[PDB]
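Protein chains: 2
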Amino acid sequence: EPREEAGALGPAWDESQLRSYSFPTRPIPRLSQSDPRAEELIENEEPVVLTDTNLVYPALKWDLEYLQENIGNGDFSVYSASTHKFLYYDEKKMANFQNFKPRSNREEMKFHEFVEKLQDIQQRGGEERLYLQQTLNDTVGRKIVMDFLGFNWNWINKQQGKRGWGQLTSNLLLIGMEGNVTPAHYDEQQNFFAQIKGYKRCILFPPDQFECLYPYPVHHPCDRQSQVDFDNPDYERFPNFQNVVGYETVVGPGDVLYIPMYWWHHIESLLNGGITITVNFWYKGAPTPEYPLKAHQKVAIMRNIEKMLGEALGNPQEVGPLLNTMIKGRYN
Amino acid sequence: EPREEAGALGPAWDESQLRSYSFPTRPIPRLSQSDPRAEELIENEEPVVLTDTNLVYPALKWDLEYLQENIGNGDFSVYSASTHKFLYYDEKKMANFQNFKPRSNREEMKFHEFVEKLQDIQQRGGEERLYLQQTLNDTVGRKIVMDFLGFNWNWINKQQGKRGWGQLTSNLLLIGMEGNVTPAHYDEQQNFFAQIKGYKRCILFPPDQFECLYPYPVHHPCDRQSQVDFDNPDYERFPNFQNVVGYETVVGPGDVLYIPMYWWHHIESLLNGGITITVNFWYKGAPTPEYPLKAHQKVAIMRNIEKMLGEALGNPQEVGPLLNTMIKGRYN
Ligand SMILES: O=C(O)CCC(=O)C(=O)O
Ligand SMILES: O=C(O)CCC(=O)C(=O)O
Ligand SMILES: [Fe+2]
Ligand SMILES: [Fe+2]
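Residue numbers (the entry's author numbering), protein chains in the order written: chain A, 15 to 303, 307 to 349; chain A', 15 to 303, 307 to 349. A prime marks a further copy of an entry chain.
Because the hints were derived from the structure by calculation, they are not lab data.
The C-beta atom is built at its ideal place from N, Cα and C for all residues, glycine as well.
Hints are supplied without guarantee of correctness; some may be wrong.
What the hints assert, rightly or not - Below, a sample of chain A' positions facing chain A; criterion: calculated Cβ distance under 10 Å:
(1) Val336
(2) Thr342
(3) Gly346
(4) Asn349
To be verified - Under 7 Å between C-beta atoms, here's a sample of chain A' residues computed to sit facing chain A:
(5) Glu225
(6) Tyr228
(7) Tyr308
(8) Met319
(9) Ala329
(10) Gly331
(11) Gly337
(12) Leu340
(13) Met343
(14) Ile344
(15) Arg347
(16) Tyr348
This is chain A alone, in the form it adopts within the complex:
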């Protein structure tokens, strides 16, 4: 049930802003950072929303105006799409699937250019949608650097330490239009997801739901993304999608979602909620050291078998046929 905003400013959102899907979900716990339960959750690689880390306290004031004035003159990656769905794809892998035709394009531009584009679409009542997604780097301005420095490094570093995680690989800045969706996928890094402006509905599925989510082949540009269209699931190709069960939540300014490595996540900017801003924190996972193996370990194994076959056969497209030959009449 939607939380009330302090000061009797009313419900932060309502049901009508949520997209409707075919599967049930349970709530992800929202807890204080001081609550031992949060600590058990993270320890065990289960999601949790922290409500009070102050992780990006200084970024709460960010909006387009402030960012345009201060984020520098560096290039920003902007995806454009004709649907609300921004399926991620890896350009490096595009050669090996000539028949893949992306639904969204990436364009490099200056922050002011992005803002202007956002302005033009609004005014022209256009249907185009944009999603800025760009790693924060040295080109940003002084004030931003001040802000960034003002993040609660104290708290997150301890987190990195307690969990034996690896280094911070990056912080992605995501600014998106209301209604935008990042379709379900998994990332090979641990992620603290810091919501700053707007609200994002986050739907997660644990690693052991691999059978239900049908990730594209490792060598395909959509490696790590599910093949199922959540808007119109095709149960013939993907029958187990009828057994999927999610953990969901809505994060707002100030909240931090722990999205544990290998957990599937689907992320949507609320309908009619205005733009959203988020900053994630991606850490390399801890080192691979016991049976029984954990789901994510099995996932690792499967990935590796695909990669090995790819290399050994000399053509990733040969991977499927070999696997089929391997199991039909033998293991299926």
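Given chain A's structure and the hints, the job is docking chain A' with the ligands onto it.
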């Protein structure tokens, strides 16, 4: 068409002695050892019957009486079976498939004991069948050693040399009753198959017919044997068996069949042809050094993936499910 025996002793066999199966076959070439064509065949790992190598010239006189008198007092492995089919199984792997119940048993005995058993069955009109299969070793007697030494090492060593093969790992002595069958399987060694007494129908299928022959899982005791019952093929489980095509031949005393590594072979002692004697020569293949990959290389790859998964998951029985999870909805 059956060859005529020298001296107008008539046809060495006839069609009625051949078991009938569902698939077509073509003849394997019979050539003289001096014929360059044989040499191209072996070079290219394709079967050929050599008619004049004199490889086991001294063994041609062997029969049960001579062997009993001279083969020593060592133990001999004897398989017993209630069907004409002697499916091979690897006792080391029996633990991991508690539900496998072998159709034939192995019994260790003295050659004279084997002979006696053969005598008792005959006299008692029994239906039991035996197949002696035992590697030739030091315990054999003087005369046998003389014979063995009299093999055409000159010729076979050159063969080993020309093909860069590895060492002779062994020579199996196979003595079997008329009608006995070794069901189709593949061996990971190069094999010169030297027929000595009786006739054996040999049906071979090249490595690229893997999809048609459905080998048991690598960790199963029947690893390397086809799962299809050639006598009553189950096309629902094994639909591609309807596309299988063999190379066949009948070897007799003096002939040598080159059964190249990874080639499937099915071997049968002619109905009503009396006992058979054969000696094989197994060499480790040459070393693994280019695309496109050869069929047998793909077979190697598949074997290895199965072995790796086995070890990595800690339970071979977990191998199938993982593979199924890997491909369904993804590669199939
Ligand atoms: O917020 C989004 O739209 C995507 C974020 C995401 O997928 C991630 O941080 O892994
Ligand atoms: O002759 C037989 O029955 C079996 C021989 C065989 O399978 C082999 O030498 O690989
Ligand atoms: Fe992600
Ligand atoms: Fe064999």
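Tested hints:
Of the supplied interface hints, the one on A'/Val336 holds, with its beta-carbon coming within about 7 Å of a beta-carbon of chain A, less than 10 Å. Annotation: A'/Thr342 was flagged as interfacial toward chain A, and the flag holds, the nearest CB pair being 5 Å apart, inside 10 Å. A hinted interface residue such as A'/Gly346 counts as satisfied when its beta carbon comes closer than 10 Å to some beta carbon of chain A; here the least separation is about 4 Å, so the hint holds. The closest approach between the C-beta of A'/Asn349 and any C-beta of chain A is roughly 6 Å, which is under the 10 Å cut-off, so the hint is satisfied.
A least Cβ separation of about 5 Å between A'/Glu225 and chain A falls short of the 7 Å threshold, and the interface hint therefore holds. Restraint check, A'/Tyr228 versus chain A: the minimum CB separation of about 4 Å is within 7 Å; hint holds. Interface restraint check for A'/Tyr308: the shortest CB-CB distance to chain A comes to about 5 Å, inside 7 Å, so the restraint holds. With a cut of 7 Å, the hint placing A'/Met319 at the interface with chain A holds, because the nearest CB-to-CB distance is about 5 Å.
Because the beta carbon of A'/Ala329 sits about 6 Å from the nearest beta carbon in chain A, less than 7 Å, this interface hint is met. The restraint placing A'/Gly331 at the interface with chain A holds, with a minimum CB-CB distance near 5 Å, inside the 7 Å limit. Restraint check, A'/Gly337 versus chain A: the minimum CB separation of about 4 Å is within 7 Å; hint holds. This hint holds: A'/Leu340 has a C-beta 5 Å from the nearest C-beta of chain A, less than the 7 Å allowed.
With a least beta-carbon distance of about 5 Å to chain A, the hint placing A'/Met343 at the interface is held under the 7 Å criterion. A least Cβ separation of about 5 Å between A'/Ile344 and chain A falls short of the 7 Å threshold, and the interface hint therefore holds. Nearest Cβ of chain A to the Cβ of A'/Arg347: about 6 Å, under the 7 Å cut. The hint holds. About 4 Å separates the beta-carbon of A'/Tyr348 from the nearest beta-carbon of chain A, less than 7 Å, and the hint is met.
Of the numbered hints listed earlier, not one is contradicted by the structure.
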